[PDB]
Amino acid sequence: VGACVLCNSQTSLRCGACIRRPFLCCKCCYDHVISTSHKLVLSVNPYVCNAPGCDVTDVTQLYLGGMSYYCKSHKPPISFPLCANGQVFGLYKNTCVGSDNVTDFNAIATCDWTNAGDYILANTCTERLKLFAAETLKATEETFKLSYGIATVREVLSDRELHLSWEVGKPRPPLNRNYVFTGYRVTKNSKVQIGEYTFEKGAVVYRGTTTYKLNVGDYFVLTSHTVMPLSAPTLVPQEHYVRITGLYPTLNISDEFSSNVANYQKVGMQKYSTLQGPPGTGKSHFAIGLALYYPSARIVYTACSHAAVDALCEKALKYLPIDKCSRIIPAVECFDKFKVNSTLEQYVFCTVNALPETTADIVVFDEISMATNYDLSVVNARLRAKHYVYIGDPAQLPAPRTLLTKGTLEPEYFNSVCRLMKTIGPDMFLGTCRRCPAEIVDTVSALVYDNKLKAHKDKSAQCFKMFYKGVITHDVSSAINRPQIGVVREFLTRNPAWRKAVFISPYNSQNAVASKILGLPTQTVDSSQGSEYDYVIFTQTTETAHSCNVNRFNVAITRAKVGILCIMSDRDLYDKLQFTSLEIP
C-alpha cells in the first residue's frame, strides 16, 4: 500500500512493468495500463492468473473470482474483471482523483533514456514525477551496467598493464574513467572484492584503487548498487525573509572574506540560495567564509564526489578549528585530518550518498552542476536545514549521462538547481576570475557568462589558437588526431618552455597517443574540472557535439593560470577564442 505518484490518492496497486513499481491509484493505474504496454499490476499480491500453468499476467484479461485472480479461461462462474470502469481493482477504491494527462508519467515510465528529450521531461514534469524519473533513470543506468560482459585477466604482461579476455555475446564497456570496474579473486566457493579499477587501451593500461599482484582469472565488473525510492523534493519550498534568520553574523571578519559579506547576508534571508562561481572565482573560499561569517552556525558541507568534499576540507583546514570538523566516510582514500564519522561535530564534510540523517543551520552543496535530481532529493531527505546554499556553475560540466546519445543536454536540464540558475538566474555571482589570463576570461565571459565575468590578471600574451583539422581516426569508443599532436610536437620544439604544460583533449585516446609522443601530463576536460595549471595545450581532436560542447570548452581553456595553446577543429569556437592566431607550420 502507498501513494499514487500522480494524484497521491492512497492505493494498493503498483505497476509491475515499471522498473520502480510506482504505487498507482485505481484511476491512474488504469489510465497507465490502457495507454502503454505496461499490463502487470501488483497489489498486496500480483494480479496474475492463479490457475495451474497459465501465463496470463495482463490485468485487462483477468478477473477476481473467489479471492484468487483468473483469465477468461480459468475464471469461476462468479467473478468481476480486475480492470473496468476506468479503474483497476484494489483497496481504497472510493478515494481516487486521477489526472487530465498521464502522458508525462507514461513517457518517464517507458523512455529508454537515450534521447535528451527524456532528461528535458524529467526536469520540467511535476516535482513528484522528477523523483519517479530520477529513480527510474538511475535504476535504468545501474541495470545497463549488468548488460556489459565480464572482463577477466588472461595474462599479466607487466605491472600497470594486462591482457583481458571478455565474456562473449555481451557488449564491452568503453575503457575511460567514466567506467570504474571492481576486481574479484576466484575463491573456494564464492568471490571477494579486491579494489575498484579503471582501464585504458594499450592489452589494457589499468589504474587501480589499491596495489596488488593480481593474477590470471581475476575478473572485473562495473559494481552497480541498489537505487532507493525517493521521498523529499529536489528543492524545498523557497522562503524569503526580511531579517537574517537562525544565524548570528560575526562582528569582526577578515578582509579575505569581506567581498562575500553582502552575499552571506542573502544566504541568511532566504531558505535556499544559488551561487554561480565561474572558474577560479572563489567557490570554496565563499563556502568556508560562510562559517567565519556565521561562527556558531552548524554547517554540513556536501558534494557528489569525494574530491569535491576533500577540496572543501583542504580549504577548511586553512581557516576553521580542526577539533570542530569531521569527515563522514562510509565503511577509496579520502581526506584524513578530521575525526572520522562524528555526525554531531559543528562542521560536517561528507558526500551526498554517505550523509547521515541530521539537522544543520546551513547546508552547502558544492559542485552543483554534477548533481542529479536523485542527489538533490537525497540531500533534502537526509538534512533538514534552516538554510541551503547550492554552489556550482551551470556553465561547467554535468554528471555524465551514460545512456544519452541523441540530443545535447542544455544546462537548464542538468538538475532543478541549474534549471533555476538558467531560467530566473542565480541568487549570487562570483564575478572576478583570479586564475586565468585576461584573454581566456574575456573569451568565456562572452561564450557562456553574458559578459559578466571580469579578469583579475591582465593579458599574458601567451594565449594562442591554430585552425588545423588534421586527420581523425576512431578506435572502439574514442578519437585520435595525430596531426594535431604533430603540430604540438613542432610548437614544443620551437617553444620548449611549454614542456611544463598539461595536455588536455576531449578524448582519452587522443590523450594516450599524446602522452607517448609529447610526454606531457594529460587530462580529459572532464578529469581537469576543478584543477588549475600554468600552461595548457588543448587539441579539439574532432568537431563533434562532444568536442564543441560550450561547457566542455569553457572548462578546457579556464584550466590555464598563464598560457594556453588551442589546436582547434571547429571554425566556430576558433573564431570565438580571443587569442593570437598562429598559422599551420
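Just so we're on the same page, rigid core means the largest C-alpha set that superposes within 1.5 Å between forms. Numbering follows the first chain given and starts at 1. Compared with the form deposited in another entry:
- The rigid-part assignment of residue 521 coincides with that of residue 254 in the two-part motion between these two forms, each C-alpha going to the superposition fitting it better.
- Of the two rigid parts that make up the chain, the smaller rotates 11° against the larger between these two forms.
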Contents of the next structure:
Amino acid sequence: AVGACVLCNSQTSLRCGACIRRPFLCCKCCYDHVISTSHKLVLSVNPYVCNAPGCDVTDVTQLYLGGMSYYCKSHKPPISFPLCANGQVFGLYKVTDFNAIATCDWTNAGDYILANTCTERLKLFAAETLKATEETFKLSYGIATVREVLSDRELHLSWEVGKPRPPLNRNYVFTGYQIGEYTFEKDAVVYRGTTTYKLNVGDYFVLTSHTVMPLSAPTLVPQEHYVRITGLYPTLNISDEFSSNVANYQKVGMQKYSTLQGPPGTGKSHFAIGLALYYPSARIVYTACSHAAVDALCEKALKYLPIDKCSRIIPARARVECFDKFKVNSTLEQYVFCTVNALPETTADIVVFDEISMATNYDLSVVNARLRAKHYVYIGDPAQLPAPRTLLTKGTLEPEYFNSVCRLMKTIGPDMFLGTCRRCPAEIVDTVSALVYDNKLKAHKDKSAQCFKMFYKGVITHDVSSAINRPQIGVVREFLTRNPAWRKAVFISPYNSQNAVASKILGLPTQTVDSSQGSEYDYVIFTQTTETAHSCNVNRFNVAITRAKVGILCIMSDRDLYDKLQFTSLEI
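Next block, the form deposited in another entry, ref. the form deposited in one PDB entry:
There are no partners or other molecules in what follows, just the one chain.
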C-alpha cells in the first residue's frame, strides 16, 4: 500500500481506486487527479470511504479525517479535516497528461499520441493501462462452439448471441476446450489447430486474454555517449562482406543505445549478424516480437556464426513451428535468439531488437526489464507496418507514435540509416524512396521493366468488413494468361477475404501486406481491393510493393498511389 508516485516519484500511501492499474499518486498528484476526473475512490492502507455504518460515501472530495478514521459531511465529528484540501489528498509522506491516459478508452489515435509524447513514467502507465484494456476487450467477444465437424480442415461454428464475433483471420488466435491453440478463416469455416486434434462436437473456442503484468523498466534506458568503444572488443580481421558497417558497429559500442533505420532489403539482418563478427567475444541476445522475425535472424546467423554458440529460446507452450537448427533453450549460449514475450532474465554485451516498428512500448519496457545490457540496438523501419492496435478505430496512428524508438527515428532521426536497397527493381525503389524516405533510399538493381500498374476500381464486396474485389482478381487472371512467367507470383492484398477469393480463382500463394512484411518474392501481384484508409496507408503500400525482387503488378483503386507508382501502365 506504499510506493512511488507515477507522476513525480514522491513517496505515497495513496493509489487511485478508479484507475484500472491502481497507480501510486502522491498527495499533490492524487488531488489533481480526483479534482479533474470522474475518479474519486482513493485507496491507502484501507479505502478512503465513510466508516459510518451503512454509509455509501466513497468520493474522496466528500470525505474527512475524524481521528484516525474517515467520514462524509453527514457523519463527521466536529473535529475533522477534509481529505481534499490545499491542493492535496491527505496521506502519509506529505497531470493533465496522466488524467487523459487514466480515463481514455484507447479508441482514438490521440490516446496513442499522448502515450508516446508524455514522460517516461507515464509511457509505462499508458502501456500497462492500454494493454489491460486490450485484454479486457478480448472478453467482449462471443464463444464459438462446434456445431458439426466437416473435415480435417473445415467445420461449422455456432456463435454466442448478444456478444460480437471476433474477426476471422490469423491475427485472432483462439484456445480450444486446453486442446491447443486454433485459428479460423471463412457457412463452412476453415480451421487450423496448433496441435493436430480430432475436432469433437461441442468443443468451444475463446481468445485467451492473458494477465497484463506491471512494467518497471523504461521503454529506453537513459542515453549514454562514450569517448571510446565500451565493454566490446573489435576484430582487426573484419570480413569485406561486413566492411560497409564498420563505422556503424563502432557507433554501436560508443553509446548505450542506437537506432538503425533499414528500408526494405537494405541489409538489416546482415548488419545484426555482422555486429557479432565485429565484436567476436560479445554475448548477443537477438530479440523481436514475432517468431518469424526471430527465425529470420537465426537464418542469417546459421550462415555466418558458429552454430554451437547459438540457441533458439522456445517457450514450453509452442504456439507456432519455429527455428530447429540451434540447441533449444540454452540461455547461456553466446548467441540467444528469442521473442520478447519469452525472454529470460539475463545479461548481454549487446541486445539487438529487430523489426522495431512492430514493437509496442510494453515490449520496449519488457526487454529493458529482462535484459541488462552494455548496448541496445534497435533495428527496424518506421516506414513499415506497426503492431495492430485492436482498440484503435478513430484516427490514423503516425510512425512517430508507434513506440519510443520510432518516435526518436522520426523526430531526431535514426543513429544509422542503411541507404541502398539491394532487393527491388529500381522502379520500386524510386517510388518508395520518394513516398516514405525523403528521397534517401537508393536502388542497387537496375529497372527490371517488369513493374506494372493498372488503374481498375472493380467492384467491392465485403465478408463482414474484410473487402473483396472479384473484378480486380479477374484482371489478374487475364494478365496471367498473357504473362505465364508470373505463374510463380505471390498474390498480396490488404485483406484476407480478397486473398481467400484469389487463392481459389488464381491458385497463387497468398499473403496479406501485414503478413508479407520481412519476406521477399521474385514476383508479386497486388490488388489494392478498396479505397480505404487501410488500403491507402503509405506504410502498408511501402511494404506491399517492396516484397518484389524482380517484378510486380499493382491493380490500383486509389488515383494518388497509382500515379505515384513509377511503373509501366497497362490498359483495360
